[PDB]
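Student: Letter by letter, the chains look like this.
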Amino acid sequence: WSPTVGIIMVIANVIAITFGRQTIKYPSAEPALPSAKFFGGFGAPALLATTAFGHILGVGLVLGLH
Amino acid sequence: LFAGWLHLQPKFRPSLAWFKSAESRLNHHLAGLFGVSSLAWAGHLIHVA
Amino acid sequence: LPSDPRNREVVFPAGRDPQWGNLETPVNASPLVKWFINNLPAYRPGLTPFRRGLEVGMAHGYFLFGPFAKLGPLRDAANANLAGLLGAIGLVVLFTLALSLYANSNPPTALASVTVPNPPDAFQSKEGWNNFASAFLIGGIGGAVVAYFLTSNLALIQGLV
Amino acid sequence: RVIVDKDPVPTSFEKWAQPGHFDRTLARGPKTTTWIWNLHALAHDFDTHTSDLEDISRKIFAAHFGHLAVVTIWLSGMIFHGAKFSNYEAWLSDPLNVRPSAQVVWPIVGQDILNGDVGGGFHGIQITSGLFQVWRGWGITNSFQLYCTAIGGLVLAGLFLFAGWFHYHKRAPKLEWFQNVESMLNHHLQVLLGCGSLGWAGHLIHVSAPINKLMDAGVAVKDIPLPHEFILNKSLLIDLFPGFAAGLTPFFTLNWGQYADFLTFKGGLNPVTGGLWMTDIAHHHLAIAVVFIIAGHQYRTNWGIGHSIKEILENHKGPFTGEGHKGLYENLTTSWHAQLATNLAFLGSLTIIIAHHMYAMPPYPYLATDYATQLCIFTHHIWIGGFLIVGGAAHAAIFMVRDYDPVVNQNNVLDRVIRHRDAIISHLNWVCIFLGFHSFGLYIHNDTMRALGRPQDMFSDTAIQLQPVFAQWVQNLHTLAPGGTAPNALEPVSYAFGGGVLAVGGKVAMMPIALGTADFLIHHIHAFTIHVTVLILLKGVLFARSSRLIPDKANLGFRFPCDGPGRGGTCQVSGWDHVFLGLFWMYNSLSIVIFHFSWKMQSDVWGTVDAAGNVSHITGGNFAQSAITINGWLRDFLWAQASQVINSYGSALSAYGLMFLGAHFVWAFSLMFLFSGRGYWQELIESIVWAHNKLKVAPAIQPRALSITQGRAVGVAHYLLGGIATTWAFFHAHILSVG
Amino acid sequence: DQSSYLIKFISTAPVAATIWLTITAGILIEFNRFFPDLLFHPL
Amino acid sequence: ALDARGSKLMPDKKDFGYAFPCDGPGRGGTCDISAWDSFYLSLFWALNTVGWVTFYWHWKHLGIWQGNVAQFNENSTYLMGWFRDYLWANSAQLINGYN
Amino acid sequence: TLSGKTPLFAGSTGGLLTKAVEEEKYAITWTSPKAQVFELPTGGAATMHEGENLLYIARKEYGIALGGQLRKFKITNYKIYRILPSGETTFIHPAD
Amino acid sequence: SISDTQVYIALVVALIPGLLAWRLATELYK
Amino acid sequence: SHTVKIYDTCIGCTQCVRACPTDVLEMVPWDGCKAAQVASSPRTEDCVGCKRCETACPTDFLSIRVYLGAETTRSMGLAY
Amino acid sequence: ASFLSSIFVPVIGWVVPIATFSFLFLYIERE
Ligand code: CLA
Ligand code: CLA
Ligand code: CLA
Ligand code: CLA
Ligand code: CLA
Ligand SMILES: CC1=C(/C=C/C(C)=C/C=C/C(C)=C/C=C/C=C(C)/C=C/C=C(C)/C=C/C2=C(C)CCCC2(C)C)C(C)(C)CCC1
Ligand SMILES: CC1=C(C/C=C(\C)CCC[C@H](C)CCC[C@H](C)CCCC(C)C)C(=O)c2ccccc2C1=O
Ligand code: SF4
Ligand code: SF4
Ligand code: SF4
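Protein chains in written order, with PDB author numbering: chain bK, 16 to 81; chain aB, 150 to 198; chain bL, 11 to 171; chain bA, 14 to 752; chain bJ, 6 to 48; chain bB, 545 to 643; chain bD, 4 to 99; chain aM, 11 to 40; chain bC, 2 to 81; chain aI, 13 to 43.
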């Protein structure tokens, strides 16, 4: 029973947590098919890993807060 | 009791220059041991006590 | 819980000869275990072979009062504890035979393990094993009487303490 | 990284003509009758031919399409036989009275008496496989949905059989396609398991649970609409399941509490069917599906991110275990038996968990109502799970002989169990002996105390308690979990722990199973017969390459009879022979699990509920004071429950009377191979070849006795066949009569 | 000749003995649908 | 008895005495080849055959001693009547010796 | 004497037993071209040295089962002795 | 007061510093 | 120990010497056969009764034969 | 569970000093 309020971008923090976390933590981090150009040493699959993990780390958090 | 055992093992055993780094104790103990713990107890009073 | 700390090991081999069929583990050579086993009366330095079997008989004769008196057939009757005394004394005698039967058969020499670096020198002669057998019967019977004396009146010692 | 060879093997009938083309020694032609048995033995053993792992792996992957075809032909056959030759449409109207039946028997020799009256104007064999519970659980209403499924299965059986031709004889993969185990685990965990359970979660919500809710109202069978009208006419997904008008937007605004009508957490049994709630299975397979799609994004592929298994295993090492798990990647990415040992000991152990998690939590409509079905589903997958664990132990011993390498497996955890393998076995030898006396000898104690007229000295509920404290406690935690450690549930995970009695009509669906002194003994018999089975199988794995008796056992092979009569005698030293001895203990262990089940459930669970809630069990409640003596297992279980299997002549259970005696025969027949030896029977044939030489009927292919390994293999195959089929025919004729 | 390999496959040991024992068993089955219960010759 | 002095698979069996295990895994293996081993296999049959002569003795007389000759003459032609009316039915007094 | 190096392994439970004190004990020496991984007949893997090696084994059966395993390393120089507990070393393999 | 059960949890948990105090006091030498 | 009898029918195949795992057997020169050598068993106190030597011999019937005799410690195959 | 006083207090009163003093006396008098 949590409709989208304007301040439900908790996941936008959670996504911003993730690639701020996982930039310094990947072993390879620039495989192929880059997003040219984009800040941070990412390829396109590495950045859509962090935005996918933050979109999963953020869904459990909003439901945790009911 | 585990921490004192751990910091006697040879690569976990601190060097001499770690002990005589006096400016770094004063920053961590004043801000953290004194300051955060006084902040945490103020969090304990307001939320709980 | 890093020990030495990310390194190194404990199963170094027995006596630094890997071609011997034994290893040093934390059950072999942990110095609380090695101190315990070396100081049982079978292994303690400075004991007569009569003196070794005297403590071994008092210990094994002590707890064998237990399962006869509380699980035997007479355990509901008035002789519930006397049935455990005759069973415990009656089975030390069956062990006194087996010690004397082992001793008279020209018994082999005792081993030397890794937690015990020597056999205690009284366990290689027929005369040495016979003193161990004569002590076991004396201490085994006496160790079962003192278990019979304590458990037969449990309300009295607890009132007198 | 897909690279595929173009036409390696020409499709021809050339090699169908000469038999045994695969091996160079065996293709030169038969000389004795030993050649006939080695053709059928070395047939699907593709590893013995070459050293080319690329060539062997293509045969292995294509033959795996062959086994997928015969399962689909079998499965679409069971739907087709259930379409024509069944009473499925008469079973749906009254599952409390109509018995599940297929397999109408041709009437030729008087075997039309096997077509007995199951109810519904239909004569046939009362099935116990439970396919009517599955098809109702799928939501099939009429026969035409069974035809198009079965005809659809026959098409799907043809695509598997065509691709097996295609991916071997036409377009075969290279080696490095197979060793992409990071790429394999990502597709197989996500698309097969995750997307398979996500798609099936869509099948309960839109299709199955609307139909099974209309069935529980007792509306009709024909008047329930077709399940594609539930998708078209959305007004019928809103009469039932009212949390549906909000549509698709509460999924994406994270208003997942809007969906609380049809993704529930009811946690218990449906009081109408005695099965699980269909809405709980919907939220199950959906929540199952999210976890698999996430966890299948773990291993590294062509796009850089992800874990590497060669870098996961080599980090996990400790002080005790030296190099740890360093080197186990090369064992599991080169050898096929190391994969086959792992995927079979853990799928066989999974199958036993499925059997325990389906009798207490019956997942189908009217499954716990039919006692004849629920007994046989357990006892089926028990045996299927037990053969595979012995197979994982078998194909691990084959790994140690052929595929073990000292250079890779230096000082890792595989190497460190071969240093202390004497400490492993002899400490396991003690526990098997310790559990033998203190579990079975407490039955021999109770046999003698009751025979001596001393019932007060027994290990029973009355005389000397042995109450299972550590399992009576865990039942009290799982009883009190709703409201406590899992507040969102209503009843427990099952009623086997606590709760109450749920009756469906008259028959008990599930009752709280109370553990006592007899349940202490028989759960420690189980630990005894399992640790002894481990003792035999692990000794064949650790001592596969050598021992103190044979220092070069891996030089001889996995499967050799002996090393001669010397050293006292060295017969049955091989790694094959420890698989041979473990099949008996597997038979011994699993026969008591299915005897514990078939008499605890009849004495303490199953039965008929009266009006006031009094539960009248099948055997009157006699497991307590009779499952503590071996006389009681003989009197009240084997003797008393066989009064329906041997008195069944002139009735529809006549075949179970014939399979009961006919399996006592084949069991006893197997002892001729086990007890006797080969060298007797070769001498006897020499006196029969003489009478065949005299009248000039001498065969050109010389007769030989069966070899030493084969005479053991024939003697265990005929042993396990007649011993299980005795129980197969005993469980059915007892429970198709009292159920 | 691809057709000769099918005559040569139909005359191996298990394939010929499957067909011949099927014709043998089918004669005994279709004799017993029409003339059943023949315990002895009626004379 | 007749092959005790040797045969094709193993000549000169007289040089090895009466009871010897085998001659190895060679020549296909020789498990239970000795003349003692043919004593050994026969005592399974000899205990079996006297089972048959004493199951049949005992159950024909249980009809004479009880006055029911019709139970044996109907049911001893097929092997369930041996299994049911003799093994199963008579062991009810026995197994209830202690309950 | 014998005077050989001992291969690299962490010890086994196979090893030697009480017979090596009491009745007899064997020992096999071989001169290896390099250091590599072989198998012990006592059980497990080991690592030979370069030059003359030495492995105290329990029975004569072990050293000839090992010598066949050394033959696929181009090592045909292995010599088994019989070391009695009185110190009597007997050259037994080969005969010359 | 507290229940009779909870006293035994406190005794078993107290073996964890009792073991670790014996490890520290012997790592500090004899 | 056991007893290893070698008859005069073998051909000097050297398959029995290369199969006895305790190395009981050895070849001695003998002007009879084509390969001009016969197997000999000078160390039968080491024989463990394995009958690998009877399995590997070609000639029919076997030129080598192991008679199982009194079993000492070396022929029982005991490491203890 | 007030009966634990009957089993911890005599152990600390009697058994703990007897085990400690008999260890320390044999440790200080140890060549
Ligand atoms: C933020 C990080 C941090 C923190 C939390 C600590 C914390 C600590 N360090 Mg430390 N240390 C740090 C960083 C840190 N250090 C760094 C970076 C270095 C290296 C440069 C060191 C080097 C170092 C050394 C070399 C030693 C310590 C020690 C200690 C301990 C001090 C003794 C103690 O417990 O007094 C606790 C004190 C307080 C909680 C504050 C008390 C304030 C006054 C006295 C009382 C006020 C209380 C008030 C009146 C109310 C009380 C009433 C209530 C009780 C009822 C303490 C756990 C010593 C130790 O014991 O080692 C384990 C020690 O020998 N540290
Ligand atoms: C055929 C010989 C035989 C005889 C005469 C007995 C006699 C007896 N057995 Mg028994 N038993 C036998 C064979 C025999 N057993 C075998 C073969 C087994 C193995 C299956 C057992 C296993 C067995 C068990 C497990 C138990 C008995 C028990 C008993 C006693 C039951 C009466 C009672 O209440 O004890 C009342 C009397 C006593 C409790 C004590 C009597 C004094 C004892 C016997 C000896 C006293 C010292 C003796 C004089 C000198 C040393 C012993 C000597 C033999 C060297 C009785 C003495 C029960 C018992 O009490 O055992 C102790 C019991 O628990 N038996
Ligand atoms: C803190 C530990 C502690 C504990 C638990 C006790 C407990 C007791 N003391 Mg005490 N005492 C202590 C310290 C302690 N004392 C110290 C430090 C001193 C020195 C000032 C004394 C001096 C003292 C005197 C002078 C006397 C006591 C007495 C007593 C007993 C009074 C109850 C009664 O009527 O006895 C009823 C019980 C008995 C009479 C006998 C009980 C059985 C005894 C204790 C042991 C039996 C054998 C044993 C199991 C094995 C060998 C002993 C073992 C310690 C090695 C009781 C057992 C009185 C007493 O009875 O002493 C014997 C007494 O006269 N105490
Ligand atoms: C995932 C399943 C699986 C797979 C793929 C394999 C694959 C293989 N196994 Mg393995 N195995 C398995 C499960 C499996 N096994 C299980 C579960 C067991 C335990 C019983 C074993 C026990 C086992 C042993 C002990 C051995 C193998 C061997 C082999 C290899 C050759 C087998 C062969 O050619 O048989 C050809 C097929 C046959 C000989 C037919 C056997 C027919 C059986 C005995 C009767 C079936 C009864 C049937 C249900 C009832 C019929 C009734 C009748 C009236 C019609 C091959 C790599 C052998 C080997 O050397 O590996 C290299 C070997 O020695 N396996
Ligand atoms: C009923 C038949 C039977 C029995 C009793 C056993 C017994 C045993 N088998 Mg076994 N086995 C059997 C059939 C049987 N097997 C068959 C048919 C096969 C063919 C496949 C095998 C294959 C087999 C293998 C392959 C292995 C065993 C193992 C074992 C041992 C398990 C340890 C144990 O529980 O001992 C405890 C003893 C009992 C449970 C028997 C009851 C004895 C009572 C409690 C006490 C005796 C009463 C009394 C005191 C006697 C004294 C009286 C006095 C007058 C003399 C044990 C010796 C394993 C082993 O040895 O490792 C542990 C093992 O590896 N067996
Ligand atoms: C290690 C350990 C353990 C174990 C232990 C035990 C359990 C022990 C036992 C105990 C016992 C087992 C005890 C014993 C003791 C003894 C005694 C207490 C004795 C006494 C005796 C006496 C007192 C006698 C005397 C006499 C004589 C000698 C002769 C004459 C007569 C008379 C009577 C005077 C435990 C578990 C804790 C845990 C861990 C550690
Ligand atoms: C019976 C038996 C034999 C002899 C059994 C043999 C040789 C098998 C023969 C049985 C089959 C059924 C014979 C089939 C012969 C023809 C191929 C079939 C002719 C009929 C066709 C129509 C099929 C052994 O060699 C043996 C060895 C070791 C332990 C136990 C035993 C054992 O019990
Ligand atoms: S299996 Fe037969 S031939 Fe082989 S050792 Fe055993 S008894 Fe001898
Ligand atoms: S006995 Fe056999 S192996 Fe030896 S020489 Fe003669 S034929 Fe060759
Ligand atoms: S007994 Fe036989 S197998 Fe053993 S060494 Fe002698 S000849 Fe070879």
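For the record, the hints were derived by calculation from the structure and aren't laboratory data.
Yeah, the Cβ is synthetic: ideal placement off N, Cα and C, and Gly gets one too.
Watch out, some of these pointers could steer you wrong.
[As the list claims (entries may be wrong)] Here chain bK is said to cover these stretches of chain bA; the calculated rule only asks that three of the stretch's residues, wherever they fall, bring their Cβ under 8 Å from a Cβ of chain bK:
#1 69-81
#2 463-477
[As the list claims (entries may be wrong)] Below, computed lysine to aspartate or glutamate pairings styled on EDC-like, alpha-carbon distance capped at 16 Å:
#3 bC:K6 - bB:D576
#4 aB:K160 - bL:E34
#5 bB:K552 - bA:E699
#6 bA:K330 - bL:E34
#7 bA:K72 - bA:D20
#8 bB:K604 - bB:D576
Student: Determine for every hint whether it applies to the structure shown.
Tutor: So, going through the hints one by one against the coordinates:
1. Residues of the stretch 69-81 of chain bA with a Cβ under 8 Å from some Cβ of chain bK number 0, which does not satisfy the need for three, so the listed coverage is violated.
2. Counting residues of the stretch 463-477 of chain bA whose beta-carbon sits less than 8 Å from any beta-carbon of chain bK gives 0, not enough to reach three: the coverage restraint is violated.
3. A C-alpha spacing of about 23 Å is found between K6 of chain bC and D576 of chain bB, which places the hinted pair above 16 Å, so the restraint is violated.
4. Restraint check for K160 of chain aB and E34 of chain bL: the C-alpha separation of about 25 Å exceeds 16 Å, so the hint is violated.
5. Between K552 of chain bB and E699 of chain bA, the direct Cα distance comes to roughly 8 Å. Compliance with the 16 Å bound is thereby established for this hinted pair.
6. Note on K330 of chain bA and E34 of chain bL: the hinted pairing is violated, with a Cα-Cα distance of about 20 Å set against a maximum of 16 Å.
7. With a C-alpha separation of about 14 Å, the suggested pair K72 of chain bA and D20 of chain bA falls inside the 16 Å cut-off, and the hint holds.
8. Using a Cα cut-off of 16 Å, the hinted pair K604 of chain bB and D576 of chain bB is violated, with the two alpha carbons roughly 39 Å apart.
Taken one by one, the earlier hints fail for this structure at numbers 1, 2, 3, 4, 6, 8, listed in ascending order.
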